[PDB]
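Just the one chain here, the form deposited without this ligand, laid out as structure tokens.
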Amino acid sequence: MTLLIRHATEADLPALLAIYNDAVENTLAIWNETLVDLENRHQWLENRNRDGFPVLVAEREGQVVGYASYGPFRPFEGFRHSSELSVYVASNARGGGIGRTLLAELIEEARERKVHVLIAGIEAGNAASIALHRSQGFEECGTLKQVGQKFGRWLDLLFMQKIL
């Protein structure tokens, strides 16, 4: 059915939590193994809202089925016009345009807020994510080999970028 894209509120935190923890448990999309709690997600959203970094949710039949945001790429003031983005789709809702719609809307937000470069950091083995980012105009930069670890395995990070 119809996808509503809007900004996240406190009311959405249970959904955001469930989606985030699912990715922590089951995937190589988040390189942490630590499940978080509601307090953690409140602080995450609060700090996003505080710094003026958007959090968008996708809502279907009254249910949040995905979310996206961007945040700082690197601390230094020299990187202030660069932001690193993340998109999460609920595992039950893959394939239907949620991730692509979220990414497209986030890109428009970034433009309005004068972000210069969006950066995606993608686990290098994830061909689907790589092509989908490519399809909205991201370009490969390069891979940092074995810079991550999860489940005792070394992970490679592919960076892509889109210049606005």
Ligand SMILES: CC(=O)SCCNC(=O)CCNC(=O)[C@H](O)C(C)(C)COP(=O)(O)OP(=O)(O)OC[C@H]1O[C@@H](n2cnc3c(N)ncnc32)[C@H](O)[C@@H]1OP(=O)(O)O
Given for the second form:
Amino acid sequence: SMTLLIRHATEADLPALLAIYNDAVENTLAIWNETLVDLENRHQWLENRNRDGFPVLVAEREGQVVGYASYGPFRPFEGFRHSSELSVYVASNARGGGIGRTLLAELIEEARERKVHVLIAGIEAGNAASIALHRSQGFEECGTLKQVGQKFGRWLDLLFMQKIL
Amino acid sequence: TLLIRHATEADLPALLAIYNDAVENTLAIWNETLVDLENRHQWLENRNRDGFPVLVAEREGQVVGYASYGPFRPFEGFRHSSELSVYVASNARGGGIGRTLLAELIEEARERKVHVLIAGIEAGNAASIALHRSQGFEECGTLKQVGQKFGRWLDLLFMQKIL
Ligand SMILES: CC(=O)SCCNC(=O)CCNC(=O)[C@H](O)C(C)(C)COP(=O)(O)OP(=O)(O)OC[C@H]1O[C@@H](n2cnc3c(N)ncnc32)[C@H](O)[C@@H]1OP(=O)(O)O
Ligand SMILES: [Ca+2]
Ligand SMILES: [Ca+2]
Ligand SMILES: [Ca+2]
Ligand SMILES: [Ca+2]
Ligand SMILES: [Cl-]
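Now that the form deposited without this ligand has been shown, please provide the structure of the form solved in complex with this ligand.
Entire complex below, previous chain first.
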């Protein structure tokens, strides 16, 4: 069965989450640094998420985690406390099949429940999948910061999208 | 005669008072809680260790404003991008202090090989927006209702200048 179970992340999910995360760093422009992490790193990340009351959702298919989404602080200090910047990652062999849409729709509902006012996505301008994903859930384009990032001697642009809850 | 120079430890009390005045009273900084001197001490020390300038404008021997920049975002991908702030003392407003600080800070940024400067401005602040525009900043876009202060929502406009 391809049907997904959507639920909160447990420590048992960490190896899956680690592999999805490291693959996204190394192979995509989803994260603008090249830093690979380890299991202990993600363990701390998860603990700090739970402690801070930020959710981490996973999509599970045939017993295997095939994607996850979370959000955290957009910018430091009180002024921005009701704005959160989100993350979503689908396993590299499972993309284009609606897992992303499912995870984002649910994360949006969690954020509403937890009184988030604005969800923010910072997206590389050429990330067509992410742009389509967010547009499908009612995110609107705010604008683009040109050449603010860099890969491999190549300047990247950052598009912001937002959804007021 | 405004003198523009690098900040010292001696300047921290004046820097603290201008920073806390903005926090306490205006929409220019979206923190609510004031900071202490040790906090500004650590801030300045990290600025200097990281090679990010802190410039002060001095007139008749007193600090009447300052400007600095720092990381726009944490990811090393953004290392060549810096977000800047310019602060003028409220009793010293309207005399070219903002324009002069911003101009020298731009020179310091090129000198240090910054690629892009970013300003995050409260979107209704037409004066701050004009000031940045007059030095070649272009509007990127507005994040609506992303801030809150004093019981109201605030919109953040990003402007940029590629150096
Ligand atoms: C929020 C940020 O910080 S941006 C970073 C986002 N995350 C990443 O980039 C990590 C790497 N990529 C991924 O993990 C995934 O590609 C995601 C999360 C972006 C999308 O998840 P998926 O499960 O592939 O998305 P899903 O199948 O639900 O499709 C989402 C939309 O993107 C479109 N799409 C999916 N993949 C692609 C692609 N490779 N090229 C073009 N369009 C695509 C779909 O057609 C769909 O559009 P529609 O709603 O208009 O029909
Ligand atoms: Ca380790
Ligand atoms: Ca719910
Ligand atoms: Ca007060
Ligand atoms: Ca600002
Ligand atoms: Cl940001």
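Residue numbers count along the first chain shown, from 1. Rigid core here is just the name for the largest C-alpha set that superposes within 1.5 Å across the two forms.
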task: Determine, in Å, the CA shift of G125 between the two forms after the rigid core is used for superposition.
output: 1.0
